[PDB]
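Read off the chains here:
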Amino acid sequence: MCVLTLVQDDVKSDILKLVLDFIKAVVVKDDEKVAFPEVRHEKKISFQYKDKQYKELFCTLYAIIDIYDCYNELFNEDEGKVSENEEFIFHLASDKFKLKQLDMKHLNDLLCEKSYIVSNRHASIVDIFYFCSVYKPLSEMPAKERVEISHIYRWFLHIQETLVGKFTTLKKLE
Amino acid sequence: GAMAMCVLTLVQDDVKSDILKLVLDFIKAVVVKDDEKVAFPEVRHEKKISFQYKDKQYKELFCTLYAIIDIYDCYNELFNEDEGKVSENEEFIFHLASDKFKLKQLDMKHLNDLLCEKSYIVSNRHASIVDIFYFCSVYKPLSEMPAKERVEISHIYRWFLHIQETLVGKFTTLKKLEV
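Protein sequence lines correspond, in order, to chains A and B.
146 is the number that PDB author numbering gives to position 146 of the first sequence; each next residue is one higher, with no gaps.
158 is the number that PDB author numbering gives to position 162 of the second sequence; each next residue is one higher, with no gaps.
Since the hints were made in silico from the structure, they are not lab data.
Be a bit skeptical, because a hint or two may be false.
Listed next, the in silico BS3-like pairs over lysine-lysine satisfying Cα-Cα at most 25 angstroms (straight line) [unchecked claim]: (1) B/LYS98 - A/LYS98; (2) B/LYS105 - B/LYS50; (3) B/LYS96 - A/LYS98; (4) B/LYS52 - A/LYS52; (5) A/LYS81 - B/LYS44; (6) A/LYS136 - A/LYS44; (7) B/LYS96 - A/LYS96; (8) A/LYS52 - B/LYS33; (9) A/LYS52 - B/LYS29; (10) A/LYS96 - B/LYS105; (11) A/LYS144 - A/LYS166; (12) A/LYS100 - B/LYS96; (13) B/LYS50 - A/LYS50; (14) B/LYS144 - A/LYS96; (15) A/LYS81 - B/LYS55; (16) B/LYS81 - A/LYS98; (17) B/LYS12 - B/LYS24; (18) B/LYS12 - A/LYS81; (19) B/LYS50 - B/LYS24; (20) A/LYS50 - B/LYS144; (21) A/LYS96 - B/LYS12; (22) A/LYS81 - B/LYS52; (23) B/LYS52 - A/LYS29; (24) A/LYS50 - B/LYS52; (25) A/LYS50 - B/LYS171; (26) B/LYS136 - B/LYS171; (27) A/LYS44 - B/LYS81.
Simulated coverage check for chain A against chain B, where a stretch passes if three residues somewhere in it have a Cβ under 8 angstroms from a Cβ of chain B [claimed, not checked]: (28) 53 to 64; (29) 91 to 102.
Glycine residues also receive a C-beta, built at the ideal position from the N, C-alpha and C atoms.
Work out the full structure, taking the sequences as your base and the hints as a guide.
What follows is the structure, encoded as structure tokens:
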């Protein structure tokens, strides 16, 4: 009925897994009757729901958001921050989901301002996208460099502890 | 008469609304054969993009675009699925969106190089979502360019006229160039 095919060791696939985990943690919560996709693994992302097939990250993402009726939660619509969320995720996608050292410095500066990258209330699609893109550089740097970006480090641990669930395959940092 | 239960609200003189109008024209021209058996939305011109279908409301370009693509079952055609080009189409449209639908002199040079040997930006077969996005984004700078400058991007100029004369239809409100 519902099958999400993902790619091992792929940031875009990590994003979709963390979106499902966000939906469970934030939107569905204790409603045990809600169905989630079966996850399978191949060389390209695709998603089949009923007789509809979606391919690649963004088409699949918008389909999932529609199915779970969670656009407002993921794009902070109630805060008037839809455009801000879009700006960030399209920028990161256009950058091939890569954050260089200067990008990390700027993200760390942004996270002094608020608890999340865009929202002042709760995690959004931008935090999900950035969590998966920060994972590699953060996991590869030592303690001193992590505390040089202490606002990223704190934010990352907070997302790890509050959103990561059954679908995410990224291991805890340390 | 009955009120419409399928309504697309768009913005005059807005590139993102022009994209949606051209998507509807593509659906009519490329996707649906007997357009009279297919329902199209009522189009309203207001200050924000939205789409209402029964009890569902979609707001802004990408939510509305994907809802339209879903209703008209035209993902394969718009994203060149039969060529294995969905990811390539996504790469372009989200690059342009991140650039707020603006092209610099350098982006024009690269697009002109890409179209040297190609009829379309991504597809080797027919227009795709990428041609639609780029057509609407290059309209203004091309329209303001003198002829001497358009021939310097002759591949863009040829591609643009070809999209204009093959896809632009009843929903598009942009004035045709070179008439």
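Each hint, compared with the structure:
| no. | hint | in the structure |
| --- | --- | --- |
| 1 | B/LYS98 - A/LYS98 | holds (23 angstroms) |
| 2 | B/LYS105 - B/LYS50 | violated (45 angstroms) |
| 3 | B/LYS96 - A/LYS98 | holds (20 angstroms) |
| 4 | B/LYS52 - A/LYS52 | holds (18 angstroms) |
| 5 | A/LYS81 - B/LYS44 | holds (15 angstroms) |
| 6 | A/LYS136 - A/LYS44 | holds (21 angstroms) |
| 7 | B/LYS96 - A/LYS96 | holds (17 angstroms) |
| 8 | A/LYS52 - B/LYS33 | holds (21 angstroms) |
| 9 | A/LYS52 - B/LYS29 | holds (21 angstroms) |
| 10 | A/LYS96 - B/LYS105 | holds (22 angstroms) |
| 11 | A/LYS144 - A/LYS166 | violated (31 angstroms) |
| 12 | A/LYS100 - B/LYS96 | holds (22 angstroms) |
| 13 | B/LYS50 - A/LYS50 | holds (20 angstroms) |
| 14 | B/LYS144 - A/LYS96 | violated (36 angstroms) |
| 15 | A/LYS81 - B/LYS55 | holds (13 angstroms) |
| 16 | B/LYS81 - A/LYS98 | holds (22 angstroms) |
| 17 | B/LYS12 - B/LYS24 | holds (19 angstroms) |
| 18 | B/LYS12 - A/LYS81 | holds (19 angstroms) |
| 19 | B/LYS50 - B/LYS24 | holds (22 angstroms) |
| 20 | A/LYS50 - B/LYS144 | violated (53 angstroms) |
| 21 | A/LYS96 - B/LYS12 | holds (23 angstroms) |
| 22 | A/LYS81 - B/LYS52 | holds (21 angstroms) |
| 23 | B/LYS52 - A/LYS29 | holds (23 angstroms) |
| 24 | A/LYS50 - B/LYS52 | holds (19 angstroms) |
| 25 | A/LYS50 - B/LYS171 | violated (41 angstroms) |
| 26 | B/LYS136 - B/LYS171 | holds (11 angstroms) |
| 27 | A/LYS44 - B/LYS81 | holds (12 angstroms) |
| 28 | 53 to 64 | holds (count 9) |
| 29 | 91 to 102 | holds (count 3) |
Checked against the numbered hints above, the structure breaks hints 2, 11, 14, 20 and 25 and satisfies the rest.
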